[PDB]
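Listed next as structure tokens is one chain, alone, in the form solved without the ligand.
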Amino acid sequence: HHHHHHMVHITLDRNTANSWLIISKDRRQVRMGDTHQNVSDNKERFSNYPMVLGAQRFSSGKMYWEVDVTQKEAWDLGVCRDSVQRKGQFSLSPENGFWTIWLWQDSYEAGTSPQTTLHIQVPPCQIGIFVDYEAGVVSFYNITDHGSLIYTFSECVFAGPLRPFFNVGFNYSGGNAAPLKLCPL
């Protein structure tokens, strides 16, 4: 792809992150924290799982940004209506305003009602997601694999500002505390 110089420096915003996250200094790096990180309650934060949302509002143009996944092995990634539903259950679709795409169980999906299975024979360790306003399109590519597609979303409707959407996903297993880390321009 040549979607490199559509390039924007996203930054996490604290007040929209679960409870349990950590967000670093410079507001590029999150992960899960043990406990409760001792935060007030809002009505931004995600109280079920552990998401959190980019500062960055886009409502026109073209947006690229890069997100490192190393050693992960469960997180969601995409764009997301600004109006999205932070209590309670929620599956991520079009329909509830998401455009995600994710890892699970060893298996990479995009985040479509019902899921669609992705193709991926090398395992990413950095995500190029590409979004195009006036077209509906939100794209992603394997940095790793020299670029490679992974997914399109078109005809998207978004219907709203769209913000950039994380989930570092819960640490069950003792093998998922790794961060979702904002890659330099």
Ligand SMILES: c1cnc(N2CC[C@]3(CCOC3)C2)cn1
Second form
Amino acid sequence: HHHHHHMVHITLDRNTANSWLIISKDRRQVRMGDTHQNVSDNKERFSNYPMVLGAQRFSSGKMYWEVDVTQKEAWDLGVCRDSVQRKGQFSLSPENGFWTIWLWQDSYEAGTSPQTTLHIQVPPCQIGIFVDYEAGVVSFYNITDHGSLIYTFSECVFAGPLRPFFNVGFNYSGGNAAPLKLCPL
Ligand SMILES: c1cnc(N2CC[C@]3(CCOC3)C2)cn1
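Any chance you could show the form solved in complex with the ligand after that form solved without the ligand?
The next block holds the full complex; its first chain is the one shown before.
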């Protein structure tokens, strides 16, 4: 992929974070805290899952960013509609306004309904996310393996502005405390 040149500087939006998340001062890293982080509730916060949005909103063009997933056991990454549900239970699917991939229980899967098995030969430590708004495309790249393709969603129904989407996963095991980190350009 020659997508690096559409690189965008993503930062995380505190106000959208689940109340247990800790976002770094530079708004480039997020991790699960061991408790509620002493913030007020608001209608933007994801209530049920350890999720947060990027601050940036995209309605046109080509955008690319990279995320470090080193030493995590569970996560989900991609993009979503600005209008996604925040409260209660829901599945990560294009029908619900999410275009994502995840790691769960030693398997990589695309967030389709039902989910799709991914075939990755080299477990990734950094993931590249590429959005082509006009083309209706969201693609995922394995930065650890020379930028090899992981998955492409096509014919996407964005149906409004898009936001970068992050889920650090729960830490029931004690093995998933590590952060998600936005990588430098
Ligand atoms: C079915 C449905 N959803 C699944 N996941 C949602 C995202 C995780 C990774 C982070 O925590 C949860 C996996 C897995 N199987």
